[PDB]
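A single chain comes next, written as structure tokens; it is the form deposited in one PDB entry.
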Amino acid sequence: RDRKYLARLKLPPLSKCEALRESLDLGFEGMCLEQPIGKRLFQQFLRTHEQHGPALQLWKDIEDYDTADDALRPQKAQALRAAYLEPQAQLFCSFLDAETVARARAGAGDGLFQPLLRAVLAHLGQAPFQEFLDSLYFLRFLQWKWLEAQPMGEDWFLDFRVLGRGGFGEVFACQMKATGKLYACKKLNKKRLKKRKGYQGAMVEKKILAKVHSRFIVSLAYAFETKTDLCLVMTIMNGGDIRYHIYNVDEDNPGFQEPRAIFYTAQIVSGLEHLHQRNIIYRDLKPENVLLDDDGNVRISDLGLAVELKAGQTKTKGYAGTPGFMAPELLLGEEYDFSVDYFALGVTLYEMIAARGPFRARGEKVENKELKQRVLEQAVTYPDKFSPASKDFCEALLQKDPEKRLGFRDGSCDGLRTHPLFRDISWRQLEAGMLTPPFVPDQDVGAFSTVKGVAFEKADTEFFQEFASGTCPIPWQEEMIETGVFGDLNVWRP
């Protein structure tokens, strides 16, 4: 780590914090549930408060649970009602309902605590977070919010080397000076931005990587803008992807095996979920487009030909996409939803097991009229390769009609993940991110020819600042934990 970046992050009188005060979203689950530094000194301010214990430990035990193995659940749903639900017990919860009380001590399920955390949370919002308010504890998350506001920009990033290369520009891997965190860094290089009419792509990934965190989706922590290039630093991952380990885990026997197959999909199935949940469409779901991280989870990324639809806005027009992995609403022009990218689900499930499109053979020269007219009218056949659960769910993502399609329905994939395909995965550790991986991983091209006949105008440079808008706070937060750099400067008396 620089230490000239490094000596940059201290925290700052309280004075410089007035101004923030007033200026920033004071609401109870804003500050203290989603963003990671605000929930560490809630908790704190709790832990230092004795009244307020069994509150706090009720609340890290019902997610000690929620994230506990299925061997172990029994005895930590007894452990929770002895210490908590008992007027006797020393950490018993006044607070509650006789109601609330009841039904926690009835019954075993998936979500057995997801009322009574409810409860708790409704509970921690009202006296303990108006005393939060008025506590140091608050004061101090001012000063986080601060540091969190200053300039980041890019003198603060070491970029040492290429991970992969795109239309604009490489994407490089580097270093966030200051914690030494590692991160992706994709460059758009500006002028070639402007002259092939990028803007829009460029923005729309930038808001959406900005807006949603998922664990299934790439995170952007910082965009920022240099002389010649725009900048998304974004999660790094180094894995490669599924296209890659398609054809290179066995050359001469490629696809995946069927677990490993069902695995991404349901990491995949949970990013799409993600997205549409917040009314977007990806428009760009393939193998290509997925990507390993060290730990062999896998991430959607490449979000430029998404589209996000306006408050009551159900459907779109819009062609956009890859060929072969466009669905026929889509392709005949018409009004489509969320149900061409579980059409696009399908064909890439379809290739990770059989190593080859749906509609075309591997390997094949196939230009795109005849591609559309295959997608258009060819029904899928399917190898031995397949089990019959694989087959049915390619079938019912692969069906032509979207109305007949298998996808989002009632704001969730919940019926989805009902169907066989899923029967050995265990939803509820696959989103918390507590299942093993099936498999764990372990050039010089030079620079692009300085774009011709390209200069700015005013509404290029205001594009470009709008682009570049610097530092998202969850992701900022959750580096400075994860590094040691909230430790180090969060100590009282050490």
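Heads up, when I say rigid core I mean the largest set of C-alphas that superpose within 1.5 Å between the two forms. Numbering follows the first chain given and starts at 1. What changes on going to the form deposited in another entry:
Comparing the two forms between these two forms on the rigid core, the single residue of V366, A83, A149, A396 with a CA shift of 2 Å or greater is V366. The rigid-core alignment places the CA of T450 2 Å or more apart between these two forms.
Here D250 counts as shifted, since its C-alpha moves by at least 2 Å between these two forms after the core is aligned.
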Second form
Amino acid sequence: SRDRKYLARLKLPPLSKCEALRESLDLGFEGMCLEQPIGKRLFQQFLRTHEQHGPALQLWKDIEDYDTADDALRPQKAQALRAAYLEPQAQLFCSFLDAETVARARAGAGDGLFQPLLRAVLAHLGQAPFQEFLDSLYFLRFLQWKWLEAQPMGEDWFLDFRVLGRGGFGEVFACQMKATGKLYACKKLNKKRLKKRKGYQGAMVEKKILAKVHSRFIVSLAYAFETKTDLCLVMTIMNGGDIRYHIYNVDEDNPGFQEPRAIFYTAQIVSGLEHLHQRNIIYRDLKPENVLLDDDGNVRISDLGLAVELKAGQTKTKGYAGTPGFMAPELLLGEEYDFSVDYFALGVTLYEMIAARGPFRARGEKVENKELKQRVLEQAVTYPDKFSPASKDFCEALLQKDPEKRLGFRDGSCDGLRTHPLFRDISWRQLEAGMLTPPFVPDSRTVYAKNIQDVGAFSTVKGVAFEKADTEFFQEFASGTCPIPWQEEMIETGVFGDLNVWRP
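Given the form deposited in one PDB entry above, produce the structure of the same protein in the form deposited in another entry.
All you get below is the one chain by itself.
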């Protein structure tokens, strides 16, 4: 669906309006033509209309097709690619490539196949062809879309229609971007409630981190804005409830998951952790209640309000933050730590997925923080029959008290962690490209949340008048529209194709 009044506000500007934007824009190849979907699209259209660039473009497309193809189709696709682009007599022979590069891509069947070739294709495209793009009408059209992207799109642009979750500080709504029809979730954090409980830093950290990360295993931020009452984060719609809910509340007499299902989630969570750790961000809040399912059954991590982004030269942070019983010993002992803490929380998360209780507490046990801290430091975890030898070994490797001994991020990746035999039946390629059929597909009829009639109301916040510092802070927060998700939306909903006209 759509609404035509808001749709009518999506129009491409005159060129003279784009002059300021052109001078202040980052012209990096990677940032413009590879990472930004409208940039990439316009760059490809440019390549498509200039014959000399056809081989490069088509090779690029055919590598991406090979990368995301079923295992059964791959050998044949590799044969066709080779014959089309890497045979010297072929119509679309890629003669710009180094002969060495061509000879290596003609050989082998290993998991690395065509990655080096792709790097050479993109390194070529980044030179003269990109320079021609910049001097073409397709680059100017990109500026028009960037101008449109930067226009005011706050609260009036969204139509809520249902509550998805809520906590102490506000609600998450399923909403609709009125112009395009795209379904999103909107986190509304109440201003007064946040001022009272000193929650500003957390709201800001999450917003910044979600704006700059782009991963299929982490919820994305598409817009950020304020209203009279709230600070609003418009993000990936996740309809399927959180993992805590699916452990305890769904099939109550069978709490916890079968092992294949828990392994799948674990793999998806690992992939999202890795994405953060490669960007030097420590999550610090991994737990079942912050892992969310979408409609297809795939999961994403969420709530980045406690995350730390390391600066260059900094390998560790420090401090008490997170949830009792997901916090690692190094953290509880007051030591500096890196990403290791997230993998300890991964262990606790998996334990709970299989066992339907924490590893440091009995069912329903509520203990003093100091007693819980002692158990985490000193008490060996025990595993019931529900754990297979591989489940158990993996948990043991993550719940290792010494961070140096714990499985995790090494040599810039989680590749070592992936060889653990727990994951022996996971095709990582298809996992990372979102191709694997999930183990549980949520029901469209069903609300995976607390019944609205059973939600405790919160008292009103009295006498928190807003000073200048609050209002200035609200304006910093409301940085508006995030480029990559906004471009994805325009393309997905057909607005791009509709407005990207030339000769109707």
